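Of the protein chains in this complex, one is absent; all others appear in place.
Just so it is clear, A, B, C, D and E label the chains in written order, and each chain counts residues from 1 on its own.
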């Protein structure tokens, strides 16, 4: 009539949301959004990154060139996947600091092996083995060269290889630990051998140990693997009285954005920018409770499984 | 009469408190609470955790079984305390990576030693020493087995032990470094000995060094200790031309919430949930300035010695 | 006339500043201040800290006493600068864990070498070399003592030195790796030598390796350097069948606030309290984008190159 | 919140308000009405989206790093690697906790503020022609049809023309 | 704080107020009086306890870790272990500093807010029957005995029954 009334107010929903404040553990607001990524895609997205399935092979065995890991000869990757059921089928071995060498390959992100024309006169090359078959016949590692006696002598080898390339060359070599006195002599003449590898900058001399170990695929002998880097300008050199497993060339070291991960989930035709052992995960949220192990453009991992950030006002429905 | 006055106001105290804000370094409020735990209980609470006093013994000597550390034969702990005045009384020794082995015991949280029935034919067992007395008579480490010549021979030992248990077995062994040429021969026949220990997965061959060191409790010879893990399915193996100090069995590795700490304070009959070298400390406050070394459910350590969080309003007393 | 009007307001500038809030990426305020230190002084301020220019020398070569690094005999520092073009001119070498020893010197912050009166009877001292010249004549490292045969014998040396000082003595020693069989014998009589160094607490036996390496300043032989600490009360001891490069005394270990850094910028007569490889930087701002490598009282390094903290109100100029 | 408007002197919210987040209901010569206020609604929403944008979609590429889980028992190195990762996680976990806590406290207050702003703004338009009823409503002391009200929502209300009328009704017995 | 109430237009606090944190003093036909306001006091306290609960008693079990102090000089590993621990401590030390800073600034404002709330709330009850004296007091322009005042503190004050009287006294020479 001759007055009016004007009431101010705000909206409210029926099914609201709880959130944390500085003063409240659970206070109700109209809306909120989840900042924690809890669930994973399920499987590994082939995109956007160059993924590589390890299957029956570990990275080290692909580097080495274990016959059943010859598929990965010419292969590079952004991320290399190692499966739990993978294994070795070649001559039994062990590496001092396996990890470091694994890491150094994975980071470079390739197994492409540039061969070099090494010469070793007075010694027979290409040693075979009944516990490392390529096809049906006895073979060895594709990228390592087992040197043994020629005729009735194993002469002290002194061989070099200058790195005149524009980059660090990675070299991979080893040494044979025989099972008995009689294998040592009957294969390398001398009763105790040595392997000194060195450059202008460094050295590493190894001496092997005779005596039988447990059988691993029918071998009580062992082959310990070592490596060496060579900076542009520097020269490689090998000295061997006996028991050397020589190299066939080098791997080239690239400063890579590559790596390796241990996962068991199938790879599939989805897409994502970040990868964990549980599978690929969605990128958009700032945090994650899937797995502290991750690769790529990828959320931060945190202990909590849900952190709701309020995206609306305090919800105050009519009181009964 | 025909008006009234109604004044709004807030309380205030006489003896207030200073606190920090974003804009003030020292501003006065009615009340505040301390978030930094500065002082300690004084001593170590036997509860709630299973505490163990090291006294005259270090953890390694209890593992090893130094005669004066035979009290800890059957002992496990949540936290093991090492005292500064503790020492060794057995044969002088040194370990490559003492820490790692200390840590690996402490984490497992026990010294209980399951014996195994090893055999070593052609060699006399249980070597004694004048610098490791159990009772009055010459003894050795309880859990290590000094092997020496039998008659006029020390035959190349080749001994195995399969781990068919449901867990990783930890094995502890060593090697004798003699003082002179004549102790080497007059105790192990051969002039230079070897100790290869190995499994399907790994190896570790040691060779000893003859020549006198400084006397430690009247011994210029040394005994270097090594260890080995064995995963279920795998097999242990020892090969020794000479100078081996054999094992008597294994320690069982549990995935424990145990650890070790260096403290000098007395243990007592109080209670707490967190422990430092200065003593147990109160749990309730979120921070602490006692010591960065701690165990259990325990506040965070921070550089500052007091951080008062205001628990009341700004205190504004009447102005003069 | 018979009313008035009173308008409240705030100031505003013409050329304002943008800043980030919780709700805005770029919002305009009257004023702001920069919290990130982006640019560097340009060069290294000799003050306030004791700076030392490495020039042609690395820290290790000054420790060792490479003839061309004799300038640094009596020198200590707060911060020691290593130049990229520096080098070695003495006998070619390599250290197991170069870094650790570098770090251990740098932290102690001095090269002052206390000599000790060692005796070695039956062996000639002060071995010279054509690839380590002091002046024009053939010299060696000033602080290492190359021992060789005297007459027709190299007797097994057994030499001690008790640390009765009030501190840990740091000792530096090495071993000769010959180029051929005939240098070994024609310089140390025996065909295979040994170097055991030990104390009450520890040991370290080295055995050298014969065989030629690449030439480094005309030497296919090598000299590997090792070190040893000795705690007050303990005794030093050396045992050498052959190939030992003996020590001339010790370095004293101080618990220092010293360090070492790799920089190429000139040192100059400015002043600052913090130092990076790019030069000294201004202290006053809490953050920095210059370099994660720093020394002294020095801002925190962060990824962002500018973070403006608003120091005035929201700037609201008159609208057109 | 800190303004005592939402969850305060405004007793409760309106589930029927779907046009926006803030607005008016009224009662005049022409019946009853409801309407939203865009300016204020959009002022609130613009901020929350500010927040979101800051927090969401700001991820960093990380490639080869360390191992964070091991099978073999090693000791001093694995210990260090675990503790190191352990620390990272804890530190970040705290940041994420405190973050939402801060933001949300702010979001609440932020939205409360905007409720008080639209109130005072409105109050200021009415000048002497109305009285705060204390429930978030003004009694307007003059006939104010839908066009009049509109004017208020528009910001174009001219008080000088109702003043005499309003003042009349505001001040007598009767 | 930001509301200018505490340490502001309320000149100072009352040491005599022990019933609570906020309240009234008055002067009427029946003498002088003081009284607390529970609602507001409890509204403030509930929040601070919110804060406390969040920060206090939220500790985590941690067991075997690394060593953080050493006797032997080692080099590249001990360096790494020290620096690593060193870093943790510094990072956490900053969190604890900033925490109290944030909280306290908030606690102050929070308490200031509640002072302004009870004021406006009260103001709104009185409607046209009183005037803000600007010192945190209202001159009420009508006889208001203890029951009347009570009504105000209760929230049950009906202005329509004093309005004529109050308006009278508010507006004349005399």
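Throughout what follows, contacts are C-beta pairs under 8 Å (C-beta built on N, C-alpha and C of every residue); 3 or more make two chains touch, one makes a residue touch a chain.
Undergrad: Looking at the whole complex, which of C:86, C:215 or C:316 touches the chain that is not displayed?
TA: Of the candidates C:86, C:215 or C:316, C:316 is in touch with the missing chain.
Undergrad: For the chain left off this view, which of C:107, C:129 or C:199 is in contact with it?
TA: C:107
Undergrad: Extract the touching residues of chain C with respect to the undisplayed chain.
TA: Touching the chain left out of view, chain C contributes residues 1-14, 19-23, 27, 29, 33, 35-36, 99, 103, 106-107, 256-260, 273-274, 283-287, 292-304, 307-319.
Undergrad: Identify the residues of chain E touching the omitted chain, counting contacts across the whole complex.
TA: Residues in contact with the chain left out: 2-4, 8-9, 76, 79-80, 83-84, 86-87, 90-91, 94, 98, 101-102, 105, 131-132, 134, 171, 173.
Undergrad: For chain D, enumerate the residues touching the unshown chain of the complex.
TA: 3, 54, 60, 64-66, 77, 80-81, 84, 88, 91-92, 95, 99, 102, 106, 109-110, 113, 116-117, 120-121, 124-125, 127-128, 164, 167, 171
By definition in this document, only the chains that are shown with their structure count from here on.
Undergrad: Considering C-D alongside A-D, which chain pair is linked by more C-beta pairs in contact?
TA: A-D
Undergrad: Counting a repeat as over half of the contact pairs in common, which of A-D, B-D or C-D repeats C-E?
TA: Interface equivalent to C-E: B-D.
Undergrad: Using the average of all C-alpha atoms in each chain as its centre, how far is it in Å between chain A and chain B?
TA: From the centre of chain A to the centre of chain B is 33 Å.
Undergrad: Among the residues of chain E, which are close enough to touch at least two other chains?
TA: 48, 51, 54, 60, 64-65, 77, 92, 99, 102-103, 106, 110
Undergrad: Looking at the whole structure, which two-chain pairs count as touching?
TA: The set of touching chain pairs is A-B, A-C, A-D, A-E, B-C, B-D, B-E, C-D, C-E, D-E.
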